[PDB]
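Let's start with one chain on its own, the form deposited without the named molecule, as structure tokens.
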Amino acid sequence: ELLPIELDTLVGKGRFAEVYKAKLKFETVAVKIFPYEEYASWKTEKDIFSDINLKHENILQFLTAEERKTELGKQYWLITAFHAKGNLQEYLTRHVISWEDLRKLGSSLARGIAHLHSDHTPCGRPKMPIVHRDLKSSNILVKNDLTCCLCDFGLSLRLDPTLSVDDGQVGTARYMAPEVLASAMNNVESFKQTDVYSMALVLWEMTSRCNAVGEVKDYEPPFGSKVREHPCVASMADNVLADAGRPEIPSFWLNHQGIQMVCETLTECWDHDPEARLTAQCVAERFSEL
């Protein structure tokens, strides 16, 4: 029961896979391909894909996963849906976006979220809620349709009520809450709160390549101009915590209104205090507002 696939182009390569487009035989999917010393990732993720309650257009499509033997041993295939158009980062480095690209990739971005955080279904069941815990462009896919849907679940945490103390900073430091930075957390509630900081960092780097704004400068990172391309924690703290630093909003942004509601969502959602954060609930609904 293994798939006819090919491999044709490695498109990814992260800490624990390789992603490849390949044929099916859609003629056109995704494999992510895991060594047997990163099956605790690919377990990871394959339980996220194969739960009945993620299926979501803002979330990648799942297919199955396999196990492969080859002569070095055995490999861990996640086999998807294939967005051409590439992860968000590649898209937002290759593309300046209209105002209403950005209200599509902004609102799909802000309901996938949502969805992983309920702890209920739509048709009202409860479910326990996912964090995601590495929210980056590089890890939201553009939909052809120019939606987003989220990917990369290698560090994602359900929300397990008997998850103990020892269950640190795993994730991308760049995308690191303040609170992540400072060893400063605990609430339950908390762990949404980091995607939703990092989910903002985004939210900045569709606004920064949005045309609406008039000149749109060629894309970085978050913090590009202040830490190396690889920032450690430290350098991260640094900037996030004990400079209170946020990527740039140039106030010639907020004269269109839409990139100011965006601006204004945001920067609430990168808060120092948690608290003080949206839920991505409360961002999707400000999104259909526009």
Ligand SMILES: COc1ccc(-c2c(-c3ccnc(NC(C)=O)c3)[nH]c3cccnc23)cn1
Given for the second form:
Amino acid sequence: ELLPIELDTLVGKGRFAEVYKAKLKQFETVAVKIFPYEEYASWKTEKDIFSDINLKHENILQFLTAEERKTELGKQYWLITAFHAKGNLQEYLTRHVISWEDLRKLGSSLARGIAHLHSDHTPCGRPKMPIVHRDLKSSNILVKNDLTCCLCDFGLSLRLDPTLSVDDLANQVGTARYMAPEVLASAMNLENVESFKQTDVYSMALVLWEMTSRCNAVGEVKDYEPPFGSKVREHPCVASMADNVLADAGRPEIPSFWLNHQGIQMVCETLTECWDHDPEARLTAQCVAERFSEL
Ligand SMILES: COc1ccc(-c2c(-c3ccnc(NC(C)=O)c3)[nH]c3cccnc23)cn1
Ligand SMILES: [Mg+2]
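I have the form deposited without the named molecule already, so could you send the form solved in complex with the named molecule?
Below is the whole assembly, all chains and molecules, this chain first.
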């Protein structure tokens, strides 16, 4: 029943699991995400999301199967997917300076992926369960060979099920650096689940800024730095982030010279709307995808 897999190299580490490059005898290269028994609930959450036939999309990591693997001293829970050699976006931007064409491809594919995740329908019209990521960041966005993005790392994700209770939506997850000001404030408007989609758009705005910051179309490009890199610790707490994002209304810097390029100007204007203090003022991911198609 178990696939003939040989693990090769540890390539990543997520919040709940380690990620390995592996060989699948058929040999095809695959990614194997390994969850220890104590993170079973996160393995089950990701398995449930990936098992929905309505999720499959070019900008969502291609899922193969889930497995339970007995070890000599316990049991592991695996998820096996396609492997993207270029790896995660944070590392890609750290190592590379990207072109305007690259930024267009990466930014538009990220917006299309989030719009699909949030959608209550498939691209054809069938009802689909909307999903909110809740921990979107450059380190868990994958770069495909054709320089388009694909999403993964759904352990904190929420299926927007009509059965969700108010006492269930209110029980501060995710990466502090990428938390929207209402998340840092514990001020999410729980009267509508649309509040959760708005938090993903904020995090997406920070990632679009990271991509823009490494785009040679502006001319002189600085070495990559995470959003708020010089303002807070390497692993900042919610309090230090709230000092910046909420109290100081702080956002990553957009130097005026970047706006000299017509394309960069449009991207900067769009991502600025997406990181507005007011979640209701942000554009939707679908709006952002449309803005990119207009370029
Ligand atoms: C459902 O199963 C999976 C399996 C792997 C990942 C996954 C990968 C991943 C995927 C494909 N190719 C690569 N390739 C290189 C070079 O890293 C890395 N990177 C991650 C970083 C954080 C969390 N999850 C991941 C996510 N879900
Ligand atoms: Mg635990």
